[PDB]
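Given as structure tokens, the chain that follows is alone and in the form deposited in one PDB entry.
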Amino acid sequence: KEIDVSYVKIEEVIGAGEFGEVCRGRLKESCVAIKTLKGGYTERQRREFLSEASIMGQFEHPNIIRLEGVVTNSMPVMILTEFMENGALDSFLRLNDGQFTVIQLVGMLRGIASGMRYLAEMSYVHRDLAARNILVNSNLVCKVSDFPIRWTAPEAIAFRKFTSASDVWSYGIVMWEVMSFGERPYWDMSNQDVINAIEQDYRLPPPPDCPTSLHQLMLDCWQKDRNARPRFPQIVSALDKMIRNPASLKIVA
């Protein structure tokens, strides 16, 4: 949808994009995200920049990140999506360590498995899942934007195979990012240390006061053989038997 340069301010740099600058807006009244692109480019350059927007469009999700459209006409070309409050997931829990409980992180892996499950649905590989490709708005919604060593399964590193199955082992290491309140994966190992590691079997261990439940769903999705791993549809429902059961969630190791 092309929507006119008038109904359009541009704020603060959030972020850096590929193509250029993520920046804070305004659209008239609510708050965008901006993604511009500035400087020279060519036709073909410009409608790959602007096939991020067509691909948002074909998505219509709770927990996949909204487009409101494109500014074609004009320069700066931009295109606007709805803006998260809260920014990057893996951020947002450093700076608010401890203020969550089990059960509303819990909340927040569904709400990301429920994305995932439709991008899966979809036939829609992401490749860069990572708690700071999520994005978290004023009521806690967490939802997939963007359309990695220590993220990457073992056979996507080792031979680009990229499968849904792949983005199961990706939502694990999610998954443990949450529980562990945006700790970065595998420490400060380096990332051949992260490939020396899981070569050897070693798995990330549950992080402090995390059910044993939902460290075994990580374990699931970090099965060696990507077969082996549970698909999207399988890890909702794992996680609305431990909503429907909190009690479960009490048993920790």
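Numbering follows the first chain given and starts at 1. If you superpose the two forms and keep the largest set of C-alpha atoms that fall within 1.5 Å, you have the rigid core. First, how it differs from the form deposited in another entry.
- The two forms, fitted on the rigid core, differ between the two forms by 2 Å or more at the CA of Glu43.
- After superposition on the rigid core, the Cα of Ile243 moves by less than 2 Å between the two forms.
- For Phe19, the Cα coordinates differ by 2 angstroms or more between the two forms after the core has been superposed.
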Contents of the next structure:
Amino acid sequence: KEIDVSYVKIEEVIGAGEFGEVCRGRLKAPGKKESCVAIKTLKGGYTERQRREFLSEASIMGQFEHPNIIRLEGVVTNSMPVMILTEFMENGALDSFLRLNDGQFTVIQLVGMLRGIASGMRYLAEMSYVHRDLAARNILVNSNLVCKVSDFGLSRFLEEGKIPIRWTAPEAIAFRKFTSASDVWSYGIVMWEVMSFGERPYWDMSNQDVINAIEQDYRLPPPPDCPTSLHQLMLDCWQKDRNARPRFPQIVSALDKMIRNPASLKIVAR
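Form deposited in another entry structure, per the form deposited in one PDB entry context:
Just this one chain is shown here; partners and other molecules are left out.
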């Protein structure tokens, strides 16, 4: 959906992306009220291949419509600079948002965030889309604490960017078989990131140390104050046999049960 350049106002540069700046702005189109948008720009000095990779994210995002998936507003391609516009997520990336707010949200709030992420993933799996880079740094958060999946692209990993080892299921590392079940492994890592308020998975371990540890049956321990039932769900996501892991509909169901029976979240390890 091509957007007339005159409908777009850039207000402030708010971050740095893979291909250039990330901005906050306003979109005002005839017959519609003004709305806030995030804007990524691609400025001159790039290869034609880079332009396609940049715009591919908009093509893929535009295939989806779900409250926990970032919404595309449109693109600017018949003019320079090239732009992609989405809904504006006032709290930015989830991992840094939680680090800024360490210990300041309740267990029930954290579970609600995890439920939104799992609902977005349930939708992607139903659409036969495998994310491959599910991580808290790729979840965006709005003013109401709603969490939405971002970072869309179908390009192969370098070995087939590099494979994100700490988030990746062991069969995907070893054999490059990426499936919704490998995204479930990654989702378990995201759960650990959320319940630890943005700690780095596996701390200072090297990538090869992580690979070897997982093969030797190590799994991340419960974060401080984490309900045991949430850590058990993490362990279920981290089963070595991909066919034994829960599927995303089952994950959403488990989180919904916790929200409805919050007394079950009181048990914590000693």
